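This document starts with one chain, in the form solved without this ligand, laid out as structure tokens.
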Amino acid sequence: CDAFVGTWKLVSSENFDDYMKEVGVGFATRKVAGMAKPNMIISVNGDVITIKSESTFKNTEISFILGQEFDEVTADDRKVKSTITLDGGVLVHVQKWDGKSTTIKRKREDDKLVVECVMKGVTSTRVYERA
């Protein structure tokens, strides 16, 4: 996961409002969350990977071991069960709650970190560059 390690800044966001709609995020949270230009800080210490997001909307931090389910309270306040695995270089993060599931994929592409958020038929692409 060393290629992911670093401080990253959001530079573009496509279809994020529609992704959040599909997830079930309410109007006011969608509007405020949609404006944010977060920094994502990724670090590794042994088997533990930490992903921190710092933004004007709200700060989050998750630490996890690959393949091992954990509790996550998301920025939009869902209480989800999360599992993150590595699939041929891509971090695959599945969140489950209320009989629903969404998948967030994080991958390195050129000098960018590309985040693909999928909820049923709706995909949002968020691109980060090194801070």
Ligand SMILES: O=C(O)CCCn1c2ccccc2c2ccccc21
The other form holds:
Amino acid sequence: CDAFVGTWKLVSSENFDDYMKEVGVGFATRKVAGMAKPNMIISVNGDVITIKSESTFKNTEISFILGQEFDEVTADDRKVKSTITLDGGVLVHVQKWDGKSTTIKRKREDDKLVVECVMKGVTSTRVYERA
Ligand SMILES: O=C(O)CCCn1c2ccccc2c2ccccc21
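Next, report the structure of the form solved in complex with this ligand; the form solved without this ligand has already been given.
After this comes the whole thing, all chains and molecules, with the earlier chain placed first.
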């Protein structure tokens, strides 16, 4: 994946509070996270992909190789087992913790980067555009 490379700003978000709630995010965290308009910076150095998220809420960063499981501390402080693959141009990211699972799909659509977050019956869609 490298059509994903760049700096991306959040411009729209749907159902993100519902999603965080379903994931188990406490109210105090949802409040600040929900108002957040993060900048997402994606870069690639060989087989290592780095995704940063910067906002007044929290700075986070993951570095990974496609198809190799890694430990992630999420923005909401979950300790999860993450695996990311590239599937028909789609970056598919699964987080597993406590017998639960959530999926984040990042895809390129026109000049948008579209992020779909799924937890149980809840689907949240977030759109980023180049900074
Ligand atoms: O990438 C996204 O836009 C949503 C998935 C990752 N993510 C955040 C990104 C920016 C700000 C807060 C959060 C957040 C909060 C809880 C869980 C996942 C989260």
